[PDB]
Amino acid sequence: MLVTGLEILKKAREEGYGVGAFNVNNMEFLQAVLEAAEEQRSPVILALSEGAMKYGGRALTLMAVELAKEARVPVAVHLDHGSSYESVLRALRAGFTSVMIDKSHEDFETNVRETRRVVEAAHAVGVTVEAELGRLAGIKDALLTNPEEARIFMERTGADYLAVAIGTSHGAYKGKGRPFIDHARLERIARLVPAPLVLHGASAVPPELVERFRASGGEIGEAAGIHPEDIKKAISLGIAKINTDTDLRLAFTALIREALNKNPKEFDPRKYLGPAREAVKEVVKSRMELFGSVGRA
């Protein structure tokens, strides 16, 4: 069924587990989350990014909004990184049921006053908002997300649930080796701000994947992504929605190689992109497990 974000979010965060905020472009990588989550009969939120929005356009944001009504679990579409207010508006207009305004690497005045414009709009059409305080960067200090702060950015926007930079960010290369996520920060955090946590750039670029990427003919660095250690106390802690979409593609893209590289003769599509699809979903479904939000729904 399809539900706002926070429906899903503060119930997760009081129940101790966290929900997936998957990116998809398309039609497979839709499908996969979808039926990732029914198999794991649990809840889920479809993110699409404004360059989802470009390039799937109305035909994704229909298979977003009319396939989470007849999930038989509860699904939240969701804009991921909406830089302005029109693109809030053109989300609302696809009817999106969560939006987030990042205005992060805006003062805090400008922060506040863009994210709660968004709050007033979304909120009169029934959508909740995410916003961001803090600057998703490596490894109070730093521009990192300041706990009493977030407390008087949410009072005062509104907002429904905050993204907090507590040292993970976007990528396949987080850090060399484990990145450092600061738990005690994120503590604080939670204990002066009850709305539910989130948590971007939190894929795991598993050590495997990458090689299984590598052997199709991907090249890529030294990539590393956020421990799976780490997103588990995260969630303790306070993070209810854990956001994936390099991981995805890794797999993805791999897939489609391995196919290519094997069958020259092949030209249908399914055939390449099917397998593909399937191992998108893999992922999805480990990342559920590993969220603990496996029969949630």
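Residue numbers count along the first chain shown, from 1. Basically, rigid core = biggest C-alpha set you can superpose within 1.5 Å across the two forms. What changes on going to the form deposited in another entry:
- Fit the rigid core and compare the CA positions between these two forms: of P207, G171, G126, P194, just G171 moves by 2 angstroms or more.
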Given for the second form:
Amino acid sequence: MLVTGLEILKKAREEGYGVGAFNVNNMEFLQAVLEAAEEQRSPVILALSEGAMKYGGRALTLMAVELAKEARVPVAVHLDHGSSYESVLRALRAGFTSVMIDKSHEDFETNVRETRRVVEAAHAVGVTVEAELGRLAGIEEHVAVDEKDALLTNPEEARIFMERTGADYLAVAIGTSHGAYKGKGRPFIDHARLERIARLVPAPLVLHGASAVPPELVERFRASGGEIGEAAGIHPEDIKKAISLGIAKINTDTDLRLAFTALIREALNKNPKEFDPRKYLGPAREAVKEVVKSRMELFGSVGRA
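Could you present the same protein in the form deposited in another entry, rather than the form deposited in one PDB entry shown above?
Next comes a single chain, given without company.
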């Protein structure tokens, strides 16, 4: 059934497990995610980016919200990385139960202002919100004692931010190639920093830009004729510990796209006479479902429904 992002994330952090926020853009992806959730008897968050809102439109938001209601596990429909107030209004209009406004690339003061306005609007309609701080602001004049300490989230500032915005959950910069830290060092997790943040912020925490990108998956993609860089993803064990420390929401997208694309390639490379979409989109949908089920297993949400 359909519930707020907070109902799901609060329980998750309380009970020490993670919930995957899986990005979907069409029917097959949405089906894959919900079936995985049902088979794993696990709560799940359906994530729709603005790219998804544009590509999928009313058809996608109709499915996400109505199918979420019919699910036998708790489901939340979440706007992934909203870039404007209007984008959030559109998500509220479409029945979303969780919204995220990303103004972390803005100065602390503007980020606060922008976020607070989204919070006020979302709360007026019973929707919870995810805000994002991903760089030392210097608010309490903290000095970056290191290059990384500069582009990553400061515990004290996070506490202030959440106190000021009233956001429900927070995405923090802790090492994953995302935001200011992007393209600036090897993908990792600053567990020490995560613990400090979690100590000052009891709200569930969110982890962005952290796909497993396992070797077998990349291998299959390359084998199917795909080309990709030396993709590096957070190590399974780190995700496991990050969750034990307070991360309740884990964004997942890349791994699904790769699996989906890999099988379509395999199907078309092997069956050149095939022009019935279902024959090649079907197994791709299945491959996606498998990735999702594995993520839920790794995150520890199996049977948490």
